[PDB]
Amino acid sequence: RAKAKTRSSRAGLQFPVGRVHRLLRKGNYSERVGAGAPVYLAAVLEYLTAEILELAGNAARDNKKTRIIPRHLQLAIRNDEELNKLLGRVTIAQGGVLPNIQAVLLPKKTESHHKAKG
Amino acid sequence: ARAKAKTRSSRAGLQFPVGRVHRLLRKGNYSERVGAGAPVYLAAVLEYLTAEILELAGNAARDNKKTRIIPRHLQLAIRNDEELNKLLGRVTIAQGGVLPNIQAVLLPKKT
Amino acid sequence: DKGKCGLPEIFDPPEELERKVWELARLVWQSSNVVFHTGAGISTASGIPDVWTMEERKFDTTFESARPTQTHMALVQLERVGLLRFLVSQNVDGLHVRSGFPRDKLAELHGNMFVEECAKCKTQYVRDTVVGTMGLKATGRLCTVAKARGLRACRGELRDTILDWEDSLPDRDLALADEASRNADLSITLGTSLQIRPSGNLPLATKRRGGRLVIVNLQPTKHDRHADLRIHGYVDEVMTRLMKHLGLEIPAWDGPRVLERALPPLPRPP
Amino acid sequence: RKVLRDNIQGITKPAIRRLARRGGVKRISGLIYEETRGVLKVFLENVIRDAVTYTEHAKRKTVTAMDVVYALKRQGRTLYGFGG
Amino acid sequence: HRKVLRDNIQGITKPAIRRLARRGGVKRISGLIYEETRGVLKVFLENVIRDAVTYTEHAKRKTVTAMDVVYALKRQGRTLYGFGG
Amino acid sequence: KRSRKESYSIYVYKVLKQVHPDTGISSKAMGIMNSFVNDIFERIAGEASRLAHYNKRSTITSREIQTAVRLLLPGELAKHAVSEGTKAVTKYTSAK
Amino acid sequence: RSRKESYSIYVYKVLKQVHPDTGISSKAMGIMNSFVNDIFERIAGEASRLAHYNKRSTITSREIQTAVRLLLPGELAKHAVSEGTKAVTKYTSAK
Amino acid sequence: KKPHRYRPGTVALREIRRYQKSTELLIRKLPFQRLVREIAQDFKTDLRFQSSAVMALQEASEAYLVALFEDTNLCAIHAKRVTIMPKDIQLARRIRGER
Amino acid sequence: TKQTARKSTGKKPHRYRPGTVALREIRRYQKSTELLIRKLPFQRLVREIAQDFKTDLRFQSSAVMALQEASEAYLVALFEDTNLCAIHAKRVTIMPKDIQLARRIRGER
DNA sequence: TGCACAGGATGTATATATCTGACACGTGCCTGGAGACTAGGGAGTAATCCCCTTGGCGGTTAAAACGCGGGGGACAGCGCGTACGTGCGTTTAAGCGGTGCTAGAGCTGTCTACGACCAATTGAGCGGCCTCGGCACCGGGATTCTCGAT
DNA sequence: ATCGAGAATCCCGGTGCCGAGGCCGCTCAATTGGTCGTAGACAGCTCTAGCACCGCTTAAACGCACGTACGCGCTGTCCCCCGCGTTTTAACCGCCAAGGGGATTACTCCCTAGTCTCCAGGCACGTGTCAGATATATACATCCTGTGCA
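Chains as they are written, first to last, in full-length UniProt numbering: chain E, 12 to 129; chain D, 11 to 121; chain V, 14 to 63, 70 to 76, 81 to 293; chain S, 20 to 103; chain P, 19 to 103; chain U, 31 to 126; chain R, 32 to 126; chain Y, 37 to 135; chain A, 4 to 13, 37 to 135.
Hints are computed from structural coordinates only; laboratory data are not their basis. Note that beta-carbon positions come from the ideal geometry of N, C-alpha and C, so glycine has one too. Don't take each hint at face value.
What the hints assert, rightly or not - Chain V regions said to be covered by chain A (calculated; three or more residues, Cβ under 8 Å): (1) 175–189; (2) 220–228.
Said to hold, decoys possible - Only part of the chain R face toward chain P is listed, based on derived beta-carbon distances under 7 Å: (3) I62; (4) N64; (5) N68; (6) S79.
Unchecked claim - With a cut-off of at most 30 Å between alpha-carbon atoms, the simulated DSSO-like pairs for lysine-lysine come out as follows: (7) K81(V) to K17(V); (8) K80(S) to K92(S); (9) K80(P) to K109(U); (10) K60(P) to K123(A).
Kindly produce the complete structure, drawing on both the sequences and the hints.
Below, the structure written as structure tokens:
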């Protein structure tokens, strides 16, 4: 019949467009859907995935590791303000928390003030 | 020709329109089919909630020496009951005010 | 700026300035890898006031219009003519970078007032105005390194490079200076008391692997011993007869400038 | 042809004190007026951004009350008494 | 299944509570905290399990699955990545 | 003229006269009650639709509505609403 | 026996596109797969509400754009809008 | 003799009692409307506002500020004080989630 | 310097002063990822709570694992808020009133 | 009593070597997305229509702003008692590995009954129109806290 | 611990008045009756995890002694906020245009839903391998202590 190129390849994407179209039409969102909605939604999903997964990769490389584990995903999400705003209340399993100690809890005062030693 | 055509709301013995509820259920994109008892059940529970709130609001209105309900009375009714205050937890009612409440520490001492 | 000044000065007698500047120019020749060390006394000629100095007592307005000294113009030309392997400065005035000295040959252990660093990618920015923050804290600007594939920028909180006591030291710099001293043939410190460590221990490790050590300072140092030549005169005038017996003269300080890498080999005689 | 600049000061000190008195505050420090104005401005701009987005999606030029109701419902703040 | 109940609240020992507080970032802990947080934890758990069971018995099942817990948590306004999907 | 507007005013009025024979209600309170009814309707409908979707099911029956109202309403309200709904469904099925 | 679809190969393709030498474990793969179909349903629900709000029955590109500009904050929203517009224009131009 | 004068703290209590039983809006109408218009000019120029829109905005803002002030009062009382200071508002917004 | 480079120049194991092991534990548990509660006691608590709604239930292992993760995250966040409340009152010890205030402001009581 | 070293003791860094279970990759199916084609209705323009938003003016006071005197409460020190962190010896039950049994979770067929859909029928409900009283204001006194004498 | 001025609040009874409540005509949505095709109820199997029990190792929970750091109570001061007058300042209220834009119809066409075939992208599965954990083996920068001199 024809060459039968996938819609994702035609749009220059990596995420599936046909799968997103089928999920949109079988999710009871509206009576009918347009032709460009799946492409736009797949592009947005791919962009968000790339943002999160590049930050996670940078965090993983920062710790002498060549694999991305949930700890790196949590670190990448939390250290970024906008992504943390988007995932404001989401719990990631095996993620832990950011290292943070309040300034009051530190002992301090154990240092010379350089005042000619009285 | 046909019968006397009672309404389904009268058949179920309740005041809310089960037909209108069924229409809004079909034409609201919730599912692909709608059962024949879902509108009746939902109308019954909606009527129950409305009756509960209206009874509490009327009691508040009588406590306030008035015979017509205003948003202040609805706010008092929904804020003085521990069930509706948690169902309508974060909801603001216009022209409702707040419950009169002053902390005990702020009240004057030596008396 | 009060009390008294309990400082002994000898100024060493003038006839022995020429003697051991001639003798120093001797050791300059057969040294193949010279690593210099610099201290606050190099900038005393420029009138740069503020640790002993803090105990005895913010000049950012003097910093923004400071002028590099004569010896600052010397070392940049020594770099541009060869026979200079590395430079280690523990000063925070930032005159070395503004003097045109390449940054790849410079190790700023205590940092620089004129340099910001990112907190997420550890890139460095060299501004022209004075960064008004001390203590590795926020600056107010943001990183602008752009990632690929049309993603967002770094947008990290830029911070200063001025350290504080008990804080950590730059890894990139400490390691570099250490390898440099281990690969040193001669070292000539200028205008520092050799007191604040771990920087102060860099010169001594020069002789550890069979090397020499030359110290130039008006005040005594806790490492006057284990040396090879002790200079006690003014660094402003001693360098004059340093360069007079070698050759050339300062080109210019044509305003603040920044140089990242070094020029291909050596112009002028080596 | 019309630019409005210094309107955040329209919420005067007596209005803030009245609002705090309804909240149950007895004695008020002198620095909370600026903080209250800042937080009010942040909340207002957060709501109005969504309201104007809702209006411009419909190709309209008038911000209806129902758009404000939807924008408030979006942030988990339902508002009864204005329809919808 | 024969045994019904005992005092299982004590299974959340004091050192576990101190470990959770340390991960939270707490330096000193009072003596009355331990009897408080336990009382908090139960109120949390029975607010989620009661929903999950409500899901489990809706599908005519007799086994609380991970998806029931994930759905119940999501309904509480508290999602959880790593078990469903 | 203008198109028709759907509202729950007459039914709320009937319920109010059912529970309080003499008290009345203003217009703003009636609008607030209309908004409350709409909000509860959409909450229950959304929860029921999600319940139906979780089980690969295409219909919203009375069981889905009952589970939704036991998920949403708390305690005594949930139990009384379930009782009222079951009573209404039994009356509807037996009478027809 | 039955096939269970997921966004594993696609996100791994994206990973190798942005970091050509970094791998990913199975737990992180599942977490990313959950994130993808969380954001999918969030945006789709916002678009469905936005379409019902205007008495329309079609989810076109405009509803998706407005939904992603309502949900994503600031720079994320602007960059996502740019990426979606680029993808739509390329898809239409390539026919 | 001295003129009648109430001790500091009782007029505030009377203000609290009077404003906790009343339901009208507390901020003036025109300043709030001008603030809304000024804020909205930064998103789309040449906009128009229905009266009900600004009424709803005011009704929501007043409730938001009243709730925030109740939380601020709780935070202030927790710290053995009776005055509210900016740090109490900051703590309340940290805990709530706005941060 | 291959150790504590830093900036400067310079009875029975001292028992450590009261509050150094605290920060050591804080750092150790803040850079870790594993769960902090014993698993069988938590499972028994979950079963006890569950059998007050429907009798004789069964649980998948993933169900109790998810419940444990959610509970630990909730408690860690609540303790962080409690620490903020305690510091606000010019203290370092967390009292039950701090937990009560943190739960009251969030809208849970 | 304070220097001057030399050498052992202490903690940190980099380099190999082994192990193991999760992962990247290749192969065989299979069913879901892509390419053609047609039908119909959803929505994009175009043109009126009226309504409600905005801008202006003006008089009247309500309220905000400014000033000033007190007073009470926020904050910084002290001082004391106890309770909470830290370390050490017991014990105890969690964690793991193993075996065994079976309850019910998924999946496949078969059939039936129950919602979707389509025409006629008709009455509950909405818009328009009147009409009367619940209520918000008007003072006038009658209590009622409130704060200073005593 | 008790009295008495005084400002503030709560009955008391008129009085307009605008909004709540009842009536009526009529489009339009709910109802009734019949057809039908598929979604879901009901059995029946398969086998997969869920539960129960036993030994062993040892990591962790537990109980106790002790000391010091921290929480809580007083005490003083001085500074910032509250209360009351007085003067501006501008909000609020009526009234009036003048459009700009939200609603409402008519009409058409192009965009999307059905359906039909088919073949390749994606999933299940087996496999060799490599990244992350542990475990010694040299190398080096500091730090502490013993043995002679003004």
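Consistency of the hints with the structure:
A stretch counts as covered by a chain when three or more of its residues have a beta carbon under 8 Å from one of that chain; for the stretch 175–189 of chain V and chain A the count is 4, and the coverage holds. Here's how the stretch 220–228 of chain V fares: 4 of its residues keep a CB closer than 8 Å to some CB of chain A, so the rule of at least three is met and the hint holds. Taking 7 Å as the C-beta contact cut-off toward chain P, the hint placing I62(R) at the interface holds, the least distance being around 5 Å. Annotation: interface hint on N64(R) holds; nearest CB of chain P at approximately 5 Å, less than 7 Å.
With its C-beta approaching chain P no nearer than about 6 Å, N68(R) sits inside the 7 Å limit, and its interface hint holds. Of the supplied interface hints, the one on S79(R) is violated, with its beta-carbon coming no nearer than about 18 Å to a beta-carbon of chain P, more than 7 Å. With a C-alpha separation of about 22 Å, the suggested pair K81(V) and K17(V) falls inside the 30 Å cut-off, and the hint holds. With a CA separation close to 21 Å, the supplied pair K80(S) and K92(S) stays within the 30 Å bound.
This hinted pair checks out: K80(P) and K109(U) have alpha carbons roughly 22 Å apart, not beyond 30 Å. Using a Cα cut-off of 30 Å, the hinted pair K60(P) and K123(A) holds, with the two alpha carbons roughly 18 Å apart.
In this structure, the one hint that does not hold is number 6.
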